[PDB]
Amino acid sequence: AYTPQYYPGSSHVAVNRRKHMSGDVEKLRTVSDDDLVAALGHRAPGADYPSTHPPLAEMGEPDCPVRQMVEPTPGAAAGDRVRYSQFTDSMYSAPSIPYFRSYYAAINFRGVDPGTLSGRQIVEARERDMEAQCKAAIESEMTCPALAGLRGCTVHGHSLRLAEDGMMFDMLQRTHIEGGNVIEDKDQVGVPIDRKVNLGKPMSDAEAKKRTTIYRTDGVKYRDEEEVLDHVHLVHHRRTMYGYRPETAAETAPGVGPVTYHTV
Amino acid sequence: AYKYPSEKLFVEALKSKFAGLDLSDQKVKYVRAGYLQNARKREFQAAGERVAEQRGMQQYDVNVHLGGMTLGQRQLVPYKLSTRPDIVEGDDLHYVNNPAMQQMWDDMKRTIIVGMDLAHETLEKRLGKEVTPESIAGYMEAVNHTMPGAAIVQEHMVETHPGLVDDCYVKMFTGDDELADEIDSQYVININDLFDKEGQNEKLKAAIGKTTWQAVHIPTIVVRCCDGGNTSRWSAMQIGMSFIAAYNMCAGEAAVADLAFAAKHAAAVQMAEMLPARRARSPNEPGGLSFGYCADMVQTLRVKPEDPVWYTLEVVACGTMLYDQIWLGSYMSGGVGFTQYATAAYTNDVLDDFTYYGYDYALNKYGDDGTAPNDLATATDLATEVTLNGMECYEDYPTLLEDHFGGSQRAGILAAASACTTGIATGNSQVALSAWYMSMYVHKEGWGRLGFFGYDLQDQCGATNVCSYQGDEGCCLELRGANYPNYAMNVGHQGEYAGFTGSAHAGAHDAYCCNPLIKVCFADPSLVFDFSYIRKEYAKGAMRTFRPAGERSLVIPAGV
Amino acid sequence: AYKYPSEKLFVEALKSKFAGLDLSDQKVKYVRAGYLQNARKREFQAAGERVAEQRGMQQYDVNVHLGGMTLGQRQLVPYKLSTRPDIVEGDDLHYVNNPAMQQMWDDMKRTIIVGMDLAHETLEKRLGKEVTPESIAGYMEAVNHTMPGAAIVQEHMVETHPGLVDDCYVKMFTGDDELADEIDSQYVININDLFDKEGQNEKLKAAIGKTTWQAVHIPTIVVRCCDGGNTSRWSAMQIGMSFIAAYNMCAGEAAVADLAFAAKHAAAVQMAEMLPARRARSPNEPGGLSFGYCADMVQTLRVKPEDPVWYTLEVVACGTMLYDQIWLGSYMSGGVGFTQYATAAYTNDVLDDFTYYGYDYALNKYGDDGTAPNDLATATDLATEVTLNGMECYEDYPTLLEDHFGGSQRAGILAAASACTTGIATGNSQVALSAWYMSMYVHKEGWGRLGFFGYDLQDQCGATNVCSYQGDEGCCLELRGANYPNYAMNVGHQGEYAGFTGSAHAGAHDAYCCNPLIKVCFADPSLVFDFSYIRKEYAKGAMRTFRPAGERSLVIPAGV
Amino acid sequence: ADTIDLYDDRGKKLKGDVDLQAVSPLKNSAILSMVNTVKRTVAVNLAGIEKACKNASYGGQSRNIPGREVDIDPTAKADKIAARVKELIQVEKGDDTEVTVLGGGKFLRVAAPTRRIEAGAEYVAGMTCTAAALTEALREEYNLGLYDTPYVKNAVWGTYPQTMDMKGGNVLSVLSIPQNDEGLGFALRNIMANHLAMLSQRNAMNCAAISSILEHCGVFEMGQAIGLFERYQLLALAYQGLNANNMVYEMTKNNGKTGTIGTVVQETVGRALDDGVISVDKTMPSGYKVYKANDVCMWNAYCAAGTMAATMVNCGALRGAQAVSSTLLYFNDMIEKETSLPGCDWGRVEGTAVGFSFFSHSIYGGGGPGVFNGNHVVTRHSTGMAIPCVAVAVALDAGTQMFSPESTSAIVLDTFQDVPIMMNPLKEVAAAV
Ligand code: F43
Ligand code: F43
Ligand SMILES: C[C@@H](OP(=O)(O)O)[C@H](NC(=O)CCCCCCS)C(=O)O
Ligand SMILES: O=S(=O)(O)CCS
Ligand SMILES: O=S(=O)(O)CCS
Ligand SMILES: [Cl-]
Ligand SMILES: [Cl-]
Ligand SMILES: [Cl-]
Ligand SMILES: [Cl-]
Ligand SMILES: [K+]
Ligand code: NA
Ligand code: NA
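Residue numbers (this note's numbering), protein chains in the order written: chain A, 111 to 374; chain B, 8 to 567; chain C, 8 to 567; chain D, 91 to 523.
Everything labelled a hint here was simulated from the structure, so no lab data went into it. The C-beta atom is built at its ideal place from N, Cα and C for all residues, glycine as well.
Straight line, CA to CA, 20 angstroms or less: simulated DMTMM-like cross-link-like pairs of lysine to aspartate or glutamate: (1) D:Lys-102 <-> A:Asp-173; (2) B:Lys-547 <-> C:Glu-558; (3) D:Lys-379 <-> A:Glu-336; (4) A:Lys-319 <-> B:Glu-399; (5) A:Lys-319 <-> B:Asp-32; (6) C:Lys-132 <-> A:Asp-158; (7) C:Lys-311 <-> C:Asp-375; (8) B:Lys-136 <-> B:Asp-124; (9) D:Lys-196 <-> D:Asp-169; (10) A:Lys-311 <-> A:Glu-288; (11) C:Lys-210 <-> D:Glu-159; (12) B:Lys-36 <-> A:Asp-315; (13) B:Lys-36 <-> A:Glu-274; (14) B:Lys-271 <-> B:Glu-260; (15) A:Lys-331 <-> B:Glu-399; (16) C:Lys-543 <-> C:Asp-314; (17) B:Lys-36 <-> A:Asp-275; (18) C:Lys-217 <-> C:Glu-141.
What follows is a set of in silico ranges between Cβ atoms, one per label pair, in the way DEER data are often shown: (19) B:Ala-144 <-> C:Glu-14: 51 to 59 angstroms; (20) B:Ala-40 <-> C:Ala-284: 50 to 58 angstroms; (21) A:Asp-134 <-> D:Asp-504: 49 to 57 angstroms; (22) C:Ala-284 <-> B:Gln-33: 54 to 62 angstroms; (23) C:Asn-199 <-> D:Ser-497: 30 to 38 angstroms; (24) B:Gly-135 <-> C:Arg-39: 28 to 36 angstroms; (25) C:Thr-552 <-> B:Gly-27: 53 to 61 angstroms; (26) C:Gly-453 <-> B:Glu-162: 22 to 30 angstroms.
Can you build the whole structure from these sequences, using the hints too?
Here it is as structure tokens:
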């Protein structure tokens, strides 16, 4: 079968990007089921999953050939509500960047609705499926609990100076450091919870730069990653050419000029 | 030629916001002061207390913000108007709070340009009247009495209060210097005096020819009570009354209807046409405003064409405010709206730094204004260099990144600097448009983010639709506008497109971009807003020093 | 029952305008005083002198009137607001000069009604939230902070000045008395308190049922800078922000889009829909306003339903000013406009005399309100008698004919009196419509004239289109409006149609004509304009004693 | 010339080696019939007319005109009314006029004679002649007179002509009024996704076909399938909407148990490479391979089929419509990253999806997927390669939506459930070749 290559580039940042896309992300910490459910804020830990419609087996389905060959996720079969996890990630070398969180979701999980924005990245899915996807992300090297956190609202912070203790600014201060560990004591929409969810130690600055997918001047400078720039240019050029005419001849139409690439 | 200096242009504003700050520091102490840190928020809270007490119903209250926190858990930072000394609180740039911004749009909306040649031909053909400088002069006196809402034919007419309509007037303009010199100068836009640099006056007169036009500006209060669709109709009614009186016509004969059709339709040049049903709007509203017309309304180009960047960035300031803050942020949505989506393009000298850097790069690599190759390779080079340099600025100066805290702001500013550099360098708006989309693609891969959820709808459609020639895709940038299908929804683009449309013609050393009638009309100093220096006007509005038209103080009570 | 008195109702105004005059005189001495006779014209001339000096360009000057004559070669006569002691100069009734009139329209354009049931069902179904009086109360506080333009979710937001948006608010209303009683009264329109006559409250609650609605009124300043299309969008943005906060939603999840579609479309009740291309307009503009909705906005019916004529003529005053002075006389034309075309219907107690005469005739011949036969024979009898009586009044009182100096004014007032008499007597709007056209045809043959050149386009199409059932002809009067094809152009009709649509429901002793939601919304005393006594408000505006919303004094300079 | 194998909704081959031109909107008799059917067929809500008259609720939106109730019962007389409507609209005995009573009398399906469309300039003659015939039939049946017929007329026609549309009325088309067109040639693009799901009876393969056909008919009417662009559009129609070569069906089957958006990306690239549509162009120092398209329009068609299969796999797994916006975005973003070739519609599917995601997850407008259509400002931008995926996602949803097919489009289901072109579009298109 076809072997994916995912993304160009040769720096360790490009290597990290391919790790996130391929799902080959190291597990770094453990978050209990009850702690994660409390943080997400959609139901009480241990409570039954609420439903938005009856289980498929109980209500039946239309005679659709696609339904009959596409297996529903566990949460879809059960009729769970569609709920969400949402993360914000610092531009000061957080492990994750928004688009690559969405690629991780889209490549590696079934029945997911990821969304990418500058200051927030969301995964919507049937509740129990969403929980499993969030657990994978939050336990992995995609997360530093100082540089990233669950924020379902009031997300400001990705682009701000870090606090003196290295925590990304949160207007609602849903997390804080206690004894070297990041503690979350509000749910993702700012409601106090009756527990202290221990997300463990923040990454060192050096570890963050080894694990990050972002290019910036204090790490891997974007200007030096000529393979990614070539890729961007190739895609823009071919889009421009084929919007004019969808044929090979458009690639040398008048107006293209002496286009040139670094590595190809 | 221009030489980019050793200190970034945005450093002054950073130092003025953060006295004593080490601009390399990536960390800061958060004090979580809340709203009490800020004089404007405190003034708003007190205003909300009075509102609630006077009407018996809760209104503004900072404590209603969710999460038990008020605005200002971080520092609330003010904004320097770019190229100005004025630093203002952010709320002072909200369109609702800023009369300069309101009056800029009202001045556009209340304007219509109406040809006189067809009307004169009608008088000659149907009535056998001779049109002379003397008859035109009598007409210009008549139309400046009637246009604000006063009577010239009937008995027992009631009229508008002249003080409520003091901003309404009509001037004529023409490429015929002999006619222009015969009419009293109070009634004429003097093309030669206003367009005295780089032979711009001769370019405009050659383009307009020996044709005669009226620049009509109906009262601000009228468009405020009503809409932009009032403008061409109001204009035509009083043009018609004035022709009736000035040419001794029957006050309502068949020939009058030819004058009406001419003034309403055949010789009328709207600022904007109507919009489709989902966003139904009358003519002369922002969604119908083309980028070429927007660029031509701004007048910095007649003051200092030797600095193409300045005019370019005044167009950006004009367009980003109008299109993002008033049009998208109000007409098409509302609420708190979209102030900072637009301020990023006209404050803190940020876009200026990134654009002058690019201008210097292009001058050194490709040569003089407007001489760079008009091709995709050149757009690629300029966009990539300008975008990489800007991203490096945001990375090296933490408080710069914190200013443009939303990715959408960063995307529009990096892409505007890229496309304005390309426009000035190549003199070609369409090539600049390729550079705009290239900036976005470069940006996305560097940081793994771009703008808001729906920022790059036009972005991802963008490269392939620059050079399409299909019916609803192909269009030169000058004729695109806020109703071009891909552009019809989203912040952070429309005013920047007007800006680099201006940049291409500034780089070519043209006198205008799209319509010489628009260019002359908006050069007139008798307008309320000063179209020659947009950001200076915005500062006045933010400082409560801009006097708008349309207020009703003459006809309302006051008292304790 | 009502008894028509021995002295005509218009005589007082004649005697107050002309102290000492023999009202039978057919002749008068003309002194040809010109504008100097009139304090308002002299003030305007002085205002025009200041305007010209301040801007360096001629503006208003009475001597520009053609013929070498200024206004006032005859006597310039003032106007008494009907049912009011206030006598005002005619210019004080021009919409541009009258803030009460402007604010009436702004209060309508800035209003949208939005259901809450679908939003609550979305929260239950998609999120599993429970909706309770406590959660609704939290939502009502949130929406009254956010609606005027203030922030509830994000950090570093800039906001509108609360003082500039003090007229903006949201109240809920419901036919469920138990829910209404549980919410703080500051947030609730109390149907039982406002509709306490003739069981109107019970009729409204039965029609609305146990459904919940928000009456949203966005800031006047916003619709003044923009248009009526802004209203439903602004409302929906801040409704959305308030649900996000009040129900702890993701601030931007799929369920939020369902709330948006509900607030913008599915549960949104606009005041008016869009118009076709030739007269392209956004929603919430006057051309789209149905006559039933216009009548339901007027609130005299809840104050004194035992006098159906009063409410009827307040509706006439509302509609004639809005449709003729603002809509036809500005949006669709402009200039001096159409003040006196409309004042004829709301001044000098003329229409009141003609209509109370008809009411007395119908009560004595056919019996109680609403009980007359719903047929063409009855419309014929009532229209002919009322029209002949009114014509005789104009013939017997020369200064009454001088007041309604234009045939169009006479036509609209005779036909309004005829149709309002028919509406009250029969309780049927469509039968009243036949009576309106009958009056026109009777009038035309008596005097050999009717209205202006184009007055009876709808008139002559009229009788045959009352009972047509063809696609673009058939329509009940309540659902007709200013876009019904025959009605789309001409003064002297639209507001009168709204009036007798109200007259039919007043005669039937109904609580509303067309939409109970509109009825409840506009009964709220928290609106700026008093919808319960239209002519009293117009008098305040004409006397410079009406305080409107939307002024910018807080953010503009003053100085010498 | 290009040929395709046509396959049905269950993955079975219908016809081999069919000329691409034989599935053109300009040539295929089944497509031409589908367009004629949607233009001339209207649904009549007799129950709605009855309720409006009995409750004086003319125009909807909580309107009530006290005292103006008209007590008529057309649902009880539906057969008589239907026969009168037929006699009033039919041009010649035996013509293609049809009037059928549905729902026990609650509704009529009216297929106005094609000749009435041919004699006019647009498609509205079905709506107007049906509304007129109904108004007359009710006037006759119920002995209505001068002053009450106007109210009944508003029960049928809504607030027309105060409004441009029959707002609050009881005559329904799957099309809208022409004045709602965003631009030139958009009338067949203005078909709500919820309606398309009901036309298809929630058969997602048939939904893809119906929606793709109508979208491309619109693109042809827009003038955007001329010259080389005709092949570009026809290949997208065939591969994305008509299950050409069984690719959509087989990719969905292959990824239906455990697959994701990303695995569908991978299979699409592998198929393009194995089939010779793309080839390795150059290799970067890291070993990343830049590809080249050997047949540009074919590469687009493969990306369009993949976008569809990815929707079927991801929304099918969720049994939820909302994931269609992210599927269209991320399928195309990641196939570009995987290949350095441009994605479906050269970015216009991705771009449509960016704004569609935003306007299906924000405060500002839009809604759930079911409210979108090819004429919607948000979703108009691709030439027919996005909306069919939206309609499929709407069909696959198991009950997560507030504005669902059953809540907005119930009468469309009843009107078209027995209409052969909508019951088996792929079989009818193949049989017409
Ligand atoms: C509720 C939404 C979803 C939606 O449809 N609109 C919102 C909210 C809306 C509200 C917020 C007002 C308030 O706080 O009550 C307003 C002002 C529009 C309005 N209704 O008046 C707005 N956004 Ni938003 N919105 C903005 C932005 C943004 C940035 C902010 C990221 C950050 O790091 O702070 C992100 C998108 C992104 O990540 O790219 C964003 C999201 C969001 N935006 C999330 C809420 C995010 C949160 O929970 O904190 N906006 C910006 O990026 C800058 C301009 C800013 C707008 C106000 C202005 O222009 O002054 C405001 C524009
Ligand atoms: C020039 C027209 C043709 C036309 O298209 N509109 C005119 C003029 C226009 C102007 C007059 C302004 C001015 O004096 O400078 C305005 C005010 C509209 C505007 N442009 O602002 C107007 N008429 Ni006219 N116009 C009126 C009327 C009338 C009556 C006046 C008859 C009389 O005996 O005085 C007649 C029509 C008729 O005979 O029925 C009439 C005609 C006419 N009307 C004849 C000019 C008549 C003349 O030579 O004196 N109007 C009226 O009948 C009452 C309302 C009055 C309107 C102003 C207001 O409502 O206050 C004004 C409405
Ligand atoms: C999409 C459409 O909304 P609807 O889907 O029709 O409700 C459209 N709004 C917009 O485009 C909102 C634009 C401004 C707010 C978002 C700026 S990014 C409008 O109201 O006509
Ligand atoms: O969060 S969203 O991108 O939907 C809106 C930004 S204002
Ligand atoms: O004289 S006309 O009837 O044309 C216009 C009257 S305002
Ligand atoms: Cl090719
Ligand atoms: Cl700190
Ligand atoms: Cl005399
Ligand atoms: Cl070709
Ligand atoms: K306005
Ligand atoms: Na005053
Ligand atoms: Na002040």
